[PDB]
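**Q** Take a look at the letters that make up each chain.
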Amino acid sequence: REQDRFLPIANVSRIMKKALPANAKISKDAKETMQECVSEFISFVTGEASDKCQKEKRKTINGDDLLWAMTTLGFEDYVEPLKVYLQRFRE
Amino acid sequence: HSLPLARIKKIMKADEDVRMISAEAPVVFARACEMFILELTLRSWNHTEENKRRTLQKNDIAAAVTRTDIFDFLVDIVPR
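Taken in order, these protein sequences are the chains called A and B. Residue numbering for the first sequence follows the entry's author numbering, beginning at 26 and increasing consecutively. Residue numbering for the second sequence follows the entry's author numbering, beginning at 69 and increasing consecutively.
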């Protein structure tokens with residue numbers, strides 16, 4: 026279909042393989058499916074952050090808003106690693 | 069970055085309510101998306117090894133989704 030609205034397959038696939046044993050194969054179907062799951066992750070997290078900005082009459086989704094939304098939707102295991110990453114980015 | 073920030077922004081912007089986006093937000097997502105892809109592929113692979121197959125297939129991803137709560141939002145994207 027249209028791959029304009031998805032993250033590129035070559036980046037997603039290469040990310041899948043590093044998680045997997047070297048002998049692993051991945052169907053072209055799974056690559057495509059994982060492409061859609063990860064793109065839905067962005068929308069899901071963005072929806073929540075956008076809702077909170079909307080409640081607070083703020084017009085910008087900041088980094089904190091994404092982290093706050095990840096915790097709200099149950100991805101708190103990601104949030105501390107992400108903070109550390111974000112500091113290495115700001116320094 | 070592993071994934072392109074411009075595409076990430078693109079995805080964020082399909083949401084009608086999104087206005088401006090801090091430049092840190094695609095950066096947070098690039099890393100966060102990685103972690104998501106790693107964790108979902110690993111849980112999918114548990115099913116692949118369970119069936120003692122060597123190919124990760126779509127049905128493995130479908131399986132991983134039902135087995136963990138934080139992934140409910142994905143049950144319509146990959147049913148079965």
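A couple of the hints might just be wrong.
What the hints assert, rightly or not - In silico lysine-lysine, DSSO-like type, Cα no more than 27 Å apart, as pairs:
#1 A:84 x B:78
#2 A:53 x A:42
#3 A:80 x B:126
#4 A:82 x A:108
#5 A:43 x B:78
#6 A:56 x B:126
#7 B:77 x A:108
#8 B:126 x A:77
#9 A:108 x A:42
#10 B:126 x A:82
#11 A:42 x B:126
#12 A:80 x A:108
If you are wondering where the hints come from, they were derived from the structure by calculation, not from laboratory data.
**Q** So, for every hint listed, does it hold in this structure?
**A** For each hint, the structure was consulted:
1. A:84 x B:78: holds (17 Å)
2. A:53 x A:42: Holds. Residue 53 of chain A to residue 42 of chain A sits at ~13 Å (cutoff 27 Å).
3. A:80 x B:126: violated (38 Å)
4. A:82 x A:108: holds (25 Å)
5. A:43 x B:78: Holds: residue 43 of chain A and residue 78 of chain B sit about 26 Å apart, inside 27 Å.
6. A:56 x B:126: Given that 27 Å is the threshold and the Cα spacing comes to 8 Å, the pair holds.
7. B:77 x A:108: holds (20 Å)
8. B:126 x A:77: Roughly 34 Å between the alpha carbons, so the hint for residue 126 of chain B and residue 77 of chain A is violated.
9. A:108 x A:42: holds (25 Å)
10. B:126 x A:82: Roughly 41 Å separates the two Cα atoms, so the pair is violated.
11. A:42 x B:126: holds (15 Å)
12. A:80 x A:108: holds (24 Å)
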